[PDB]
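Single chain ahead, written as C-alpha cells, the form deposited without the named molecule.
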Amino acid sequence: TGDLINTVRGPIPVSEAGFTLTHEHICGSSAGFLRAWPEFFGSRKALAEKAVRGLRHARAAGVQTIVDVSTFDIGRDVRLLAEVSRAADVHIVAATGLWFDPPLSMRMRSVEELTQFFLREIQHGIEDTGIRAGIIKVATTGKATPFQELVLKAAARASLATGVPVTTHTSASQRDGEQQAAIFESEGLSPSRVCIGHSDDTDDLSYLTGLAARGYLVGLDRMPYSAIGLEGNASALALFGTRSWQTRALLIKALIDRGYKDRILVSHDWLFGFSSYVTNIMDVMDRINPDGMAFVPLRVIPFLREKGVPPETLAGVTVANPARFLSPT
C-alpha cells in the first residue's frame, strides 16, 4: 500500500495494477499521423471502438493494466489512451522516451535537451493534458546510432531523477541488450530499473541469463508473434519470425527453471491499429491472434501451468514483477 503509479486516468495504488501486460500499444503509428489522417484507420471512432472491444476481452481474461509503450514517435495519442482506458475499465500507463523513428526535431537534440523532454512528460504532463508518463521507452536495432546513445543516456538520467523505469526495443538476435546495459550502467542506472525488451525474439539463453544475472528485467513480450503458415508473406515473415508461440513461452519456463522468476516480464506487443508498417498488416495480425491482448492469460499461462509452473510463480511473474518494476524507485 502507499506506492503510486501514474496512468492516463491519473494516479493509482501500485497494488491495484494487478495482472499487468508491460509492453503493448493501443496504436503503432507516427507523431501527428492520427490527427492528420484518421481515415487510414477507417476513423478515429472505429479505432477507439476496436481498442475498447480488445481491452474488454483482455479484462474478461483477467488483465487489469497494460503499459502502452508508444513514444512520441510511435504517434502516442494520450487522449485516445484515456478514452479507451475509461471505456474498457483497464488501466493504461503511458510512456515517454524515443523509439527508432525520431524526426529531425528530436535527432538534433543533445542529451541535456532530451532529458528535459523526458522529464517534461513524466513530471509536468504529456502535451497539454497533464497526463504523466509512468515509463521511458527507448530503442536500438543493432549497434546504437550516435543519437540512440544520447537517448539511452537521457533515459537513464530521467529515470534517476524520477524513479520511473526504462524499457527497451532490441534486435534480440544481435544481442543489443549488452550494449544497452553498458550505456545505462555508465550513467549509474540500477539494472532493476530496466527491462530489455523483445528478448523472446531469441532463444539465446546465454545472452538472456547474462542479463538476468546482472539484475535486468527480461522482456518476453512478443508471445503471439509467428508467421508459421504465412511464409509466402514476406513482410509478415520479417516482423513475426518463424518460431511458434509455444517456443516463445518455453523461454518463460526456462528462465524460471534457472532461478530467474523475479526477472521476467511477459507481454504481446499487440495493437489495435498499425500504420508504421505495410497496409492491412492489422488484418494479418488479427487472423494470427484473434484473442489480441487476452492471448497471454488464455493460452500462455495455462501452457505454463500444464508444464508444471506453480500458480504462485505465475502470479509473481504477471503481478509482482510488474508492480516492482513500475513502482517509482
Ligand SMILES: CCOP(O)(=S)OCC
Contents of the next structure:
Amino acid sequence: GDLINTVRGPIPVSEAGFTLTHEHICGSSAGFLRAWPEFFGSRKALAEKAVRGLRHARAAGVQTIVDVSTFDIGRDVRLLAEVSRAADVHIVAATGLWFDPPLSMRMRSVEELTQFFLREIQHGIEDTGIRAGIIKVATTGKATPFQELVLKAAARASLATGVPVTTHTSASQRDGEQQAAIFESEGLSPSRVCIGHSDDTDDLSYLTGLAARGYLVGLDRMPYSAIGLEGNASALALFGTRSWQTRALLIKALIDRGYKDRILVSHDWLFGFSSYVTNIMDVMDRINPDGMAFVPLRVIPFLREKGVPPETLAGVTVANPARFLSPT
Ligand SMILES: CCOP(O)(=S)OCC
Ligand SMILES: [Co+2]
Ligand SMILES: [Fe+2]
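Could you drop in the structure for the form solved in complex with the named molecule? We only have the form deposited without the named molecule so far.
After this comes the whole thing, all chains and molecules, with the earlier chain placed first.
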C-alpha cells in the first residue's frame, strides 16, 4: 500500500524492514566530491568502502538506511544510488538544510526554501529524478534567524507532501524544545518529526517531555565515544565522553517509561568525512570497525540481555521507522 521513495525508486513501506533512520554515505559539502574526489582517495575508493560497509550492515540484518545528507552536507544522490545497487540495501535520500548553508541558500526566504525542498521531494534531486523521502534540518543552540526559516520551510514542505522532518540538535542545549515550538507554530504534527542526537544527553526530563508530545526521539549516535582517546582534542569534541552502553541505556529508559513507539535508533555513521578534521575517518573506523552493523550486533543484544522483549525491539527498529517514513 504505502510507498516510500528511495534512490533506486519507490518501494512498499513494508519492505523497508530493519531501518537505520540517521546515517550518511559521505559527510562532505556541496560540490566537494566533484571538485576534489582525491580527498577521499578517489570516488571509486569511496564507493567501494561504502559498499563493503553497507554489505556488512545488510549481513547483520539492516535492510534500509536513511541518508540524511542535505545539499550542504554534499549529498551526491548518484553515489547513493550506485552503492545502494551494489550492496542491495535501500537508501532514502534527504532534502532540507544542515548548518553549513552557503550564501545562495542563506539569502533565501521561507517561500523560496519551501519551493526548493518541494522540488527535491516532488520533482527530483538535481537532474536525476531521484526523490527525497525525508527533510533534514539543524540547529546548534538557539536557532539563527535563517534556521527559523529553514524549520518553517521544512514544516510547510512536510505538510504538503507527508514526508517526515528529522533534526540535528545540540542536545545538551535542549534545542528540541525550540524546534518543536517552531514546527507546531506551522501546524506540523509532532508524529511527523524526529528530534535527533537526543542520545547526546542523559536529560530524560527533556527527552520524555518531547516524547509525551508525540515527537520521535532520535537516539542516533550509538557508537560515538572518545573514551580512551581523551588526548585527541578533535575526537573528544565530536564523540563525547559517554560510552555506547550509556547511550544504549536511553533506549531502555524510554521503553521503561512507556515511550517504545517514540524511539528511533541509528549510528550517524559515514564512510567518508570531509567536513571535519583530516583522517577523522581513520579514528572512527578504529573506534567502531562494525560501522552501520554496530546497532544490530552490539546494541540490540545488549538490550535483549537487559530484558527488552524481542517484539519491542522489532517495534523500535522496524515498525517505528515504517510509521515515520510513510508519507502521512
Ligand atoms: C559525526 C557526524 O555528525 P554530522 O552528520 S552533524 O556531520 C556531517 C557528516
Ligand atoms: Co548531526
Ligand atoms: Fe548526521
